[PDB]
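Every protein chain except one is present and positioned as in the full complex.
Note that the chains are named A, B, C, D, E, F, G, H, I, J and K in the order they appear, and that numbering of residues resets to 1 at the start of each chain.
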């Protein structure tokens, strides 16, 4: 899987 | 904008 | 306290 | 949006 | 000085 | 190129 | 609280 | 799961 | 060894 | 190559 | 020792 970040502001890590 | 982290514990990134 | 990350995927920091 | 890095070497963050 | 990030998107570190 | 992480768990950086 | 870094050089995290 | 790093030196992320 | 952070606030890395 | 950061303040990653 | 990253692409931490 790839890992990086996502912003909604809050920013979290995301694993896909 | 500035970016850094916020703690509530959970810690997230924050963009202001 | 220790600080590191937790995955549920979303990944956040955690402080214990 | 997704956040990660870009290399040109200089490396910066990028938000898409 | 404080250190954190700045977004213009490109994201860099900033020292103030 | 883009830079981010890959998980196999071991997690490394990856440059594409 | 906010979290980011402080430089004196040594650089540490700081929680405010 | 928890995420943090492991050193053998090479240092990688580890997910447990 | 494991690597992660410790908070006393100042935050440093720690290797165990 | 080695990777780390460079400060000019703006801070970027650098790959050598 | 110094700590930073090394790229071969895979990127890992390195301690010297």
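As a working rule, contacts are C-beta pairs under 8 Å (C-beta built on N, C-alpha and C of every residue); 3 or more make two chains touch, one makes a residue touch a chain.
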{"item": "Residues of chain K in contact with the chain not shown", "value": "1-4, 15"}
{"item": "Contact set of chain G toward the excluded chain (per top definition)", "value": "5, 7, 9-12"}
{"item": "Missing-chain contacts mapped onto chain I", "value": "3, 12-15"}
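FYI, only the chains that are shown with their structure count from here on.
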{"item": "Neighbouring chains common to chain E and chain K, by label", "value": "J"}
{"item": "Equivalent of D-F within the choices E-J, J-K or D-E, defined by over half of its residue contact pairs recurring", "value": "J-K"}
{"item": "Residue-number overlap at the chain D/chain E interface, same or different (half cut)", "value": "different"}
{"item": "In chain K, residues with contacts to at least two other chains", "value": "5, 7, 11-12, 14"}
{"item": "Arrangement of touching chains [line / ring / star / complete / other]", "value": "other"}
{"item": "All touching chain pairs, where touch follows the definition stated at the start", "value": "A-B, A-C, A-D, A-F, B-C, B-E, B-G, C-H, C-I, D-E, D-F, D-J, E-G, E-J, F-H, F-K, G-I, H-I, H-K, J-K"}
